[PDB]
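One chain comes next, on its own, written as structure tokens: the form solved without the ligand.
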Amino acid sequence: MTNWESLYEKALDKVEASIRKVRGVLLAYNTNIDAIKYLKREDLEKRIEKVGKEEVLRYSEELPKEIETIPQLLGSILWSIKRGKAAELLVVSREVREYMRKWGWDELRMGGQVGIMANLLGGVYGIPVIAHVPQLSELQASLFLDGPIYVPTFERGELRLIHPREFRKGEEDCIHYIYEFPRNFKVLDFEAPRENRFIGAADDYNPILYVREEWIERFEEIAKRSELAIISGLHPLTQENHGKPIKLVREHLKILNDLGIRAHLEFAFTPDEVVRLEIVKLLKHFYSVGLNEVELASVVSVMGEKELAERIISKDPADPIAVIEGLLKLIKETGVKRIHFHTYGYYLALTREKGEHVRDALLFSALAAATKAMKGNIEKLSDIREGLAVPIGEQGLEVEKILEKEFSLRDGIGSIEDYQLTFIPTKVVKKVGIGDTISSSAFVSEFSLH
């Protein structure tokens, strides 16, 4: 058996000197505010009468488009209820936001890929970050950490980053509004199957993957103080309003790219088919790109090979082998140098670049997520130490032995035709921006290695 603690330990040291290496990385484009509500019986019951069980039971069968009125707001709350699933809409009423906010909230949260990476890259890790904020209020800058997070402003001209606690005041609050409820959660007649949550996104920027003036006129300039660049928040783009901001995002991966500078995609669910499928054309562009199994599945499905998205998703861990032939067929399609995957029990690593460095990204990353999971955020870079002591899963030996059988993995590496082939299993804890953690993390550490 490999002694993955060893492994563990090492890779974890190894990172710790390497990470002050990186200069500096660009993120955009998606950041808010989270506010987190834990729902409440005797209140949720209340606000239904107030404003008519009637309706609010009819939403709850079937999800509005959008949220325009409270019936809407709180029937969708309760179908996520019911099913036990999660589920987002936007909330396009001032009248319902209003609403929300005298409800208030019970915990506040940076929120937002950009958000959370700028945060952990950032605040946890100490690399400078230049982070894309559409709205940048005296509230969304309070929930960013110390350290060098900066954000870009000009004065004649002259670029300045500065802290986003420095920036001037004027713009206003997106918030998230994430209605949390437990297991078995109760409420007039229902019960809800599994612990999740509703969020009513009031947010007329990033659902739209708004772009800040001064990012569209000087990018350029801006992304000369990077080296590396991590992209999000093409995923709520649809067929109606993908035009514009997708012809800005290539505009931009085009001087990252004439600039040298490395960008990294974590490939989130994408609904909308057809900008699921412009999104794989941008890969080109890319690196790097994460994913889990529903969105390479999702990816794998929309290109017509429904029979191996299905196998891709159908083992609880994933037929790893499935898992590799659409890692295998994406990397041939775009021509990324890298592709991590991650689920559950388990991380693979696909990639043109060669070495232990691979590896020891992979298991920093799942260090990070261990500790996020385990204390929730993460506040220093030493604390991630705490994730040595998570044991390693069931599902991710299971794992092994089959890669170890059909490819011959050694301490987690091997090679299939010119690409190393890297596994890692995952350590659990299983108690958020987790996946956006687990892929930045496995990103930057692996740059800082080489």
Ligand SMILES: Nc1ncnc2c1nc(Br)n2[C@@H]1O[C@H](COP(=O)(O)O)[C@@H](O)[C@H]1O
The other form holds:
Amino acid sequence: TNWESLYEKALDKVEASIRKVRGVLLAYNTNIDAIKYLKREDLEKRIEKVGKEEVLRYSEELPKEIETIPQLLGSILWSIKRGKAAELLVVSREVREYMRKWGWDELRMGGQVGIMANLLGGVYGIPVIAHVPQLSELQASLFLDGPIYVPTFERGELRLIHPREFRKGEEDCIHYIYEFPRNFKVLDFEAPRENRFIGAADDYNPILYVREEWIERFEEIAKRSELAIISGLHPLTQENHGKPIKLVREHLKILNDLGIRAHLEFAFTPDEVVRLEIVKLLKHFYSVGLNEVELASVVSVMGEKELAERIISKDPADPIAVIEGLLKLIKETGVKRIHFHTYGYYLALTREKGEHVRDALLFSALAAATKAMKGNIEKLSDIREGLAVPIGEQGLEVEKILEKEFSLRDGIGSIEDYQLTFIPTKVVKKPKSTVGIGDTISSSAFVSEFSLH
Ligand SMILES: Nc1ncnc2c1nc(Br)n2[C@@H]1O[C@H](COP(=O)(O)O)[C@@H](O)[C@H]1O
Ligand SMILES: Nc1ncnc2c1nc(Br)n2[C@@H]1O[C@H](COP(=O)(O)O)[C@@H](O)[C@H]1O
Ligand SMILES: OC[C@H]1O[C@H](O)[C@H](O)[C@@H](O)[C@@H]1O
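Could you give the coordinates for the form deposited with the ligand bound, as opposed to the form solved without the ligand above?
Complete assembly follows, chain above in first position.
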């Protein structure tokens, strides 16, 4: 397969079409990300001062919400050991204070809503209508210029205004991002993949706080959009899910009634009652996006523990096991589209036939490579710089497996009445950071694919 030629042609095709989109609704979680680039000596001294044995215990136990500093350091170590992204609520004032003093190297726009708003609106030029729980001064300052809007109502009429006008009195919602590189060393551990641990320390996003005007006037807001991306459900628990999930179903009903194509961005959802609820919610979505650990966790709660294990047991996620999981998911939910992304390759399983599915995946992989290389995408010209990143060797090896097991040509084949679409990713050898690449991938492919028709 001439993947370099396909990548170049996909970039030009999507650039010609991407601005066609009338508008994209983004809800619900926006926050500020405070990013720390972990260093071995600093982490080792913090672990020693806190109690190494206790930290290690927490690095081998299932992460739960963080109440003590050993739990925090052990959850970071949990993520390093496995090269996996954990995200836990920091519910203790003492630990929030510890993290605040530990500090951050930079501040970035955070949350699925905010990251996709800055990309789709600030970079691609598509109008976005964004739900921001708390639009503090700092929160507002992290939005790019461009057609990014938050809804307001004046005498009953909808007015879209730019978010860099902050709302006086609303609070900063801080999430701490602890980034570590591939092969990061601490004690006798070494990270098998670049990744991060996220300590979520705000009081609005964990409960899926929704602003009153979105509760009252959702339909009027949603009419300004052609597509919707829904996120933020991952922190909910069996104890607090009732009110948020009830609202989300009401909004999804309106999106369905208006014919607005909706995409659910999955994040790892530890609470199994909420995780299964989200799987049931997918019966009202057109598209869903997820990675290898999320797919496994979903297949696991659908009664396929052995298959879930097969999905996460190999470093390049076992492509056959992944596809078996995607088939089970699309059959149970009836979604029209699943976009799977992992280290080395993406897969899509879709009702839609044709090359536009692959065009969108390749475009999104160019966006991912640029984001990995630069840390943040600032302008459309950045995406073309992703063409120089070489195609990873893992992706090419996975393609060989898929061509023996399926009838595939240039990444396209059939399973039952679905199209299977594969691409190998362009892998940056030393990325700056990883937070936000998933959002960049899922939003870029979902929106660009729609724009190609
Ligand atoms: N954020 C996260 N990412 C991946 N797996 C997670 C996770 N949080 C939890 Br809880 N897990 C769970 O951790 C298990 C994997 O643990 P090990 O990697 O120690 O085997 C998975 O079965 C998954 O359900
Ligand atoms: N160095 C790198 N170059 C290119 N893509 C990368 C990358 N590091 C990462 Br992480 N990515 C991509 O970013 C994706 C992030 O997905 P999650 O956040 O859902 O795990 C990965 O699946 C991988 O494809
Ligand atoms: O995609 C990255 C985002 O994931 C989650 O929403 C986190 O809570 C947030 O802090 C981060 O910016």
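Superpose the two forms; the largest set of C-alphas matching within 1.5 Å is the rigid core. Numbering follows the first chain given and starts at 1.
- Compared between these two forms on the core, the listed residues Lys186, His163, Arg218, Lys329 keep their C-alpha shifts below 2 Å, save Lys186.
- In the core-superposed comparison between these two forms, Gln420 has its Cα shifted by less than 2 Å.
- Once both forms are overlaid on the rigid core, the distance between the two CA positions of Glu307 between these two forms is under 2 angstroms.
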